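Asker: What follows is the residue order along each chain.
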Amino acid sequence: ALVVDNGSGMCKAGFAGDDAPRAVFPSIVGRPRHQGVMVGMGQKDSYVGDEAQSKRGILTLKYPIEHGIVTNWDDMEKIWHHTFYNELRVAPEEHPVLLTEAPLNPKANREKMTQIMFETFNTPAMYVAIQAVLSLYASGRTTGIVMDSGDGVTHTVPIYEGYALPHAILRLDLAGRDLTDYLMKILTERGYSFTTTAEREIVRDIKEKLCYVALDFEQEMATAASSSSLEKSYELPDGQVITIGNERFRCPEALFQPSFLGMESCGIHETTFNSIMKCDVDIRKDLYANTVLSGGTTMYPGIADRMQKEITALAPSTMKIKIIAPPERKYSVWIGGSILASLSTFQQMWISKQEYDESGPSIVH
Amino acid sequence: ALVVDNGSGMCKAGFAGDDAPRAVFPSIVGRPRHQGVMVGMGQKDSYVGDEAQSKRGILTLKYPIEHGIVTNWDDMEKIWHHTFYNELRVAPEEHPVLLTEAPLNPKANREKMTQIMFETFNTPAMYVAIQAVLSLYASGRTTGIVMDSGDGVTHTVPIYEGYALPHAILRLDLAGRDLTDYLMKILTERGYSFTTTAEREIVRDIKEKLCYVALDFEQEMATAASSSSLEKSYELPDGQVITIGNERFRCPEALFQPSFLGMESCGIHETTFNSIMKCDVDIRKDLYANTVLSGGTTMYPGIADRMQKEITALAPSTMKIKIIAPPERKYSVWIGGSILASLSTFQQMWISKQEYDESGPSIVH
Amino acid sequence: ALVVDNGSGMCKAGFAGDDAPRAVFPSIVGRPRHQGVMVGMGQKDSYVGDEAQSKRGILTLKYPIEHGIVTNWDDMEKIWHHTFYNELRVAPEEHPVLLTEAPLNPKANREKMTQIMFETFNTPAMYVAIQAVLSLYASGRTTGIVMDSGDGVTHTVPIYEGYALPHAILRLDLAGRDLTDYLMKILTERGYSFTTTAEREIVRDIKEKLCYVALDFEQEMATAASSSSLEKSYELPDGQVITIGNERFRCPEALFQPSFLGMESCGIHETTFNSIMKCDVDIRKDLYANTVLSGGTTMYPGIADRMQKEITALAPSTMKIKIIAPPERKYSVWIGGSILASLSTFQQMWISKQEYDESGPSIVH
Ligand SMILES: Nc1ncnc2c1ncn2[C@@H]1O[C@H](COP(=O)(O)OP(=O)(O)O)[C@@H](O)[C@H]1O
Ligand SMILES: Nc1ncnc2c1ncn2[C@@H]1O[C@H](COP(=O)(O)OP(=O)(O)O)[C@@H](O)[C@H]1O
Ligand SMILES: Nc1ncnc2c1ncn2[C@@H]1O[C@H](COP(=O)(O)OP(=O)(O)O)[C@@H](O)[C@H]1O
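Sequence lines, in order, name chains G, E and F. Counted from 1, the first sequence has number 193 at position 187 by PDB author numbering; the numbering is strictly sequential. Counted from 1, the second sequence has number 72 at position 66 by PDB author numbering; the numbering is strictly sequential. Counted from 1, the third sequence has number 68 at position 62 by PDB author numbering; the numbering is strictly sequential.
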C-alpha cells in the first residue's frame, strides 16, 4: 500500500514497507511566462516541483494548497500523477493508498480528494487519517498531546490511552509561509529586497539555514544591539553576500506572541496550555511530560528548551514537564502512516470501491 | 466458604479462614464516552472498580447499587464475576458463599440475588445475613445495640441475649453518598467547582482526609470565623492547591440534625435514643453502655466523643453510657461474616441446591 | 431607587418606576492594540459596550464577567460608572440600588460587589436578590419552577407558595457563550473561519438571527440531507454572503444532550425533571404545569414546544404539563426587580449605611 503525505508545502510518499519516504519534493506547479524563441522541447507547457524548483526565474510558482486547504484540484491531480507515474513508477490501480489531512478542514475537501483518488486513478482502497494521530504511531506512545507545525497550519490534539478529546482540538493558522513573509518584511530593514515567487525560495532557504530560537529574547536583543559579533553571512546564488543580524531570532520568535504579525490570537505555548486545560482534571498529569513536537517548523534549534521554560513558568508548579523532541520530526507523520498501514488489524478499515459504489463520496463520513 | 460483603459503596471479600478481607475495591463499573482514535486492545467494553478507579476521566462511573438496593443486576453480576474469577481466582462451584444485606429491603432483592448466585455461578450453598447481626459476632458480645453507617444506608438493630427486636429496627437513608454531594454543594462556597463522576472521587478523597467532627459545633463555627488558623490545604491531581476551612466539620456535622439537607427526619443520635426507647423497660440498662458503631462513615475523628455527649444529654441521668468504638470498624461486618461462616453449628443453616430445586428463589423466606 | 441587572452578557438598567429598562448594552470593555499614527483624542484608554461594539476591529474585546462570576472588578466598576454617570445621568448617592446575581456564587463576590457599590459610588442603600425569585414577580405567580438561561449560566429554582427549596436548586453552566463557540466550531464545516473576538460578534449576531430549535432533530437532519431547500443566507459586514444549512438547529439543539460539547452532564430537560424530583411528593403536581422560562437563550423559536414534548415523554402520565413562555423574557428579571423595588413592605430589607458601618461587607449574610 502507498502512503502519501499530502501535507501543505511539500509532498512525501513511499511504500508502507519502508522506514522513510522515497520521494520528497516541494509540491510546486510552475508555468512559463515567456514564449519559445528557439525551436525545441525546452519550454514545456508546465513543470512540477521536481523541475520547477530549478527552472524558477523564467517560471511563476503557485502552490495547489494554502492554509491546508486545496485551492485548485487540477494542480493537485497533476502532482499525484507525478508521484505515481514519474517518481515511484507505480500503477495506482495496483496499490491501496492512505492520505493525510489537517484535523479540521472543509468536509468537501475529503469528498473531492477521494473522488479523484479512486474515480480517476481508480485506486482499489483508500483511507484518510489526521496527521497528529499518525505522529503518535511514529513515537509509539498511546498517551500524549501532539503538536504539529508545518507550512501554514498548526494544530494540537490531545490523546489519552488512544482516545482523542475532539472538544479540545485547536487550529492556529500561523506557521511557516506566514512566517517566511515576515522574514521578507523584516529583511528589508537591512536594505535587501525580495518581490517575486522564485525569489522567495531564497528567503525560505535562508530561514532553513540561518535561524535559531532565543530562550531569552529580550537578552538576545540586548546582545545583538551591543557590539557583540552575532551576524553570519549568506551568499546569494549570484554571489551577492547577505549579512543577517538582529533578525535570525527575531523572525522565529514571532511564532510566539504573534502580535508581531498583528494576529490577535494566543501563541504556540498558550494554545498548548489552553488545550490541556480543556481536558479532564486528572488527564493533565499525563499530558504534561508527554508533549510531542512534530512537523517541519519545529526544527529550529532552541525551540524545545524555550517551550519548556514557557510552559513551566505557566503550568502549576510541582508538576514534571518534559518535551519529547526527537530528530526526524519532518518525516514523523509519514513514518506513522507506514506503521498504521502495516498493522494487520487496521486492514479492515479501508474504504473499498464496493462501499463507494453504494454511498458515493460522503462514505468518508 | 467465601464471605462477600456486597454492601453499597465498595465490595469486600475473602475466605472465612482469615482475619481481614483479601479484596477491597470500589464496586464501580465504568464505560468510555469517546470513539477510538488509536488502534489496540486498550479499551475494553467495561471496567470494574479495580481499574475504573485509575482510568477515570475517560470513563463515566455508575454504581450498581444505590441506597442499598441494586438498581441494575447486570453490573452486579459483572462485579461478582470479577470477584470470583479475576480477583480471588476461585471456582464458585467449589465453595459455599454467604452474602450481606441491609435489614429491611424489597424482598425481590434477595430472590434475584440468590437466583443469580446459584443458578448462574452455580454455587453449592448460600445464605443471606443482616449486617448488624454480623457486627456483634465481630465484637463477640451477645447483648448490644448495633449502629451501622455506610454508603447510603444507616440502620440500627437492638439485640439482647442474642435476640433482636424487629419492631425496634429503623432505617435512615442519610449516610455517605448523600453526604459527599453536600460537600460538593458546600465547597462551591470557596469557588471551586466539581461537576462530574470522576471528579466527585476527588471530593470523596478530600472528605476521607480533611474531616473531623466538632464536639461543640457552635463554638467551632465561632472559632473558624475568628482569626484562628484552622484551614488545611489539599493538592488536586493537577497540582491545583485547595484550601478548606469552616467546612471540614460543617460537612460531617450534617450527619447530625440533617435539616441542613432538608431531610425532615431525626438524626443519628436521635434515632439511637428513639430506638432504645422502643425496647422493653428493663432492656435500656443493658443496651446503654453497649452501643456498638460499625461501617465506614463512623470513622471520622471525634464521632464517639460527640455521640456520647449527645446521648448522655438526652437519656435519663444516673445511667452509665459507653460507646464501643473499636478500630477496624471498616471490616467489622466482614470479620463477623468470617466468624459465623466458621462456626460448625451454623453449617446446617445454609440453603442447598436441593432446597432451591423444590422452592425456587423464595426459599430465602 | 435604581435597578441594575448586572447579569452576565449584557447590562440592563433603569428606574423602578418603569415597565422596561432604559439602557441595554453589551457590557464589553475594549482596549486598542495599535499606537497612534494620527493626532487626536479618538483613542481613549478604554471603551465600554456602548461604543466598543461599533469600534470593534481596532479593539480587543474582553468581558468583565464569565460563567456568572466577575473576573476583574475594575472593568465592572468602569461599567457601573458608565451606567450611572454617562447613561442614566443620575447621581448614585441619591438612590438606593438592588443588584441581581446567580443563586450559587462564591460568597466573596457579594461582599466585594457591595463594598464597591456603596464605598465607591456611596449609594445610600443596597440589596442583592437572586434572579429566579425576581422572575416570578414578573409573572405574578406565587407557585412555580423558574428556569433561567443566559450568557454562560443556567440554573433552576423551585418555589411553592412563595417558598424555595434550597436543597433542590441546580446550576448548569452550559448556556450561551459555550454555545456560540460551538457555532464557531461547527461553521468551519462549511469552510468559513472566525478567529478573533471582534469577529465572534458576527457569529453571535448570526445565531441571534438565523436560529430555530427543531422538535424532531433526527427528522430535520434527515430532511436537510435531502434535496430540501432549507438554507438561508446572511450578508457579512464586508458583503460576503454566508449560506447556513443543516446547522441553524444543530447548534442550539446542543443545549439539549450536551454530549455534543463533551460536557458529561444531563441537559436542560433532564435537569428540569431532576429538579422537580427533589421536591416533596405532593409539590410535583403544582410545579408541573407552572414551568416558567426566563432569560435570553430561551428565546429561540421552537424551544417550548420541544421542551414540553421531552418532559411529557419523561414525567409520569395523567399529569398536565404546561410551559409558561411569555414574550419579553429578555426583560423579565428586570421587570421583577422593578416590582420588588416598588413594594413598600420590602423597603425595610435594604442594607443601610448604618448597618455596614457596624458589620462590613458580610452584612449581606
Ligand atoms: N531545517 C529547518 N528548520 C526549520 N524549519 C524548516 C526547516 N526546513 C524546512 N522548514 C519549514 O518547513 C517548510 C517545508 O514544509 P513543511 O511545513 O515541513 O511541510 P510538512 O510539515 O508537510 O513536511 C519550509 O517552508 C519551512 O518553513
Ligand atoms: N477514613 C474514613 N473516614 C470516614 N469515612 C470514610 C473513610 N473511608 C471511607 N469512608 C466512607 O465510606 C465510604 C466507602 O464505603 P462504605 O460506606 O464504607 O461501604 P461499606 O460500609 O460497605 O464498607 C466512602 O465513600 C466514605 O463515604
Ligand atoms: N433573539 C435571540 N434569540 C435567542 N437567543 C438570544 C437572542 N438574543 C440574545 N440571545 C442570547 O442572549 C445573550 C445575551 O445576553 P443574555 O444571556 O440574554 O443576558 P441576560 O440574561 O442578563 O439578559 C446572547 O449572547 C445570546 O446568546
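Since the hints were made in silico from the structure, they are not lab data. Where is the CB? At the ideal position from N, CA and C, for every residue including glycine. Keep in mind that a hint or two might mislead.
[What the hints assert, rightly or not] The list that follows gives simulated cross-link-like pairs (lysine to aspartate or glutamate, EDC-like), each with its CA atoms no further than 20 Å apart:
#, chain 1, residue 1, chain 2, residue 2
1, E, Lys336, E, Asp24
2, F, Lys113, E, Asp24
3, G, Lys191, G, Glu270
4, E, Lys61, G, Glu167
[What the hints assert, rightly or not] Just a sample of chain F residues kept apart from chain E, beta carbon distances all over 12 Å, derived:
#, residue
5, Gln41
6, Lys113
7, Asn115
8, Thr148
9, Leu193
10, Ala230
11, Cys285
12, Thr324
[As the list claims (entries may be wrong)] Chain F side only, calculated, beta carbon under 10 Å to chain E, not exhaustive:
#, residue
13, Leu110
14, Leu171
15, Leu178
16, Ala260
17, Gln263
18, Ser265
19, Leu267
Asker: With a cut-off of 10 Å, does the beta carbon of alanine 260(F) approach a beta carbon of chain E closely enough for the hint to hold?
Answerer: 16 Å, violated
Asker: With the threshold set at 20 Å, check whether the alpha-carbon distance from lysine 336(E) to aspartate 24(E) stays at or below it.
Answerer: 15 Å, holds
Asker: Does the claim that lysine 113(F) lies outside the interface with chain E hold up, using a Cβ gap greater than 12 Å?
Answerer: 6 Å, violated
Asker: Once the closest CB in chain E is found, is it more than 12 Å from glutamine 41(F)?
Answerer: Given that every Cβ of chain E is farther than 12 Å from that of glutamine 41(F), nearest at about 38 Å, it holds.
Asker: Using Cβ atoms only, decide whether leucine 267(F) comes closer than 10 Å to chain E, and label the hint accordingly.
Answerer: 12 Å, violated
Asker: Verify this label for me: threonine 324(F) is non-interface relative to chain E, using a Cβ-Cβ cutoff of 12 Å.
Answerer: The assertion about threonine 324(F) holds, with a minimum of 25 Å to chain E.
Asker: Since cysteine 285(F) was said not to touch the interface, does its Cβ keep a gap of more than 12 Å from each Cβ of chain E?
Answerer: Not fine: 10 Å to the nearest Cβ puts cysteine 285(F) too close to chain E.
Asker: Beyond 12 Å on every Cβ pair: is that true for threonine 148(F) relative to chain E?
Answerer: The claim stands: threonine 148(F) keeps its Cβ more than 12 Å from every Cβ of chain E (closest is about 20 Å).
Asker: Under the criterion of a CB-CB separation shorter than 10 Å, is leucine 110(F) in contact with chain E as hinted?
Answerer: Status holds, d = 6 Å.
Asker: Does the no-contact call for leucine 193(F) survive, Cβ to all of chain E over 12 Å?
Answerer: 23 Å, holds
Asker: Does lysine 113(F) pair with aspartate 24(E) here, judged by a C-alpha cut-off of 20 Å?
Answerer: 52 Å, violated
Asker: Should the label of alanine 230(F) as a non-interface residue stand, given a Cβ cut-off of 12 Å to chain E?
Answerer: Answer for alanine 230(F): holds, closest chain E Cβ roughly 23 Å.
Of the hints listed earlier, those the structure fails to meet are numbers 2, 6, 7, 11, 16, 17, 19, in rising order.
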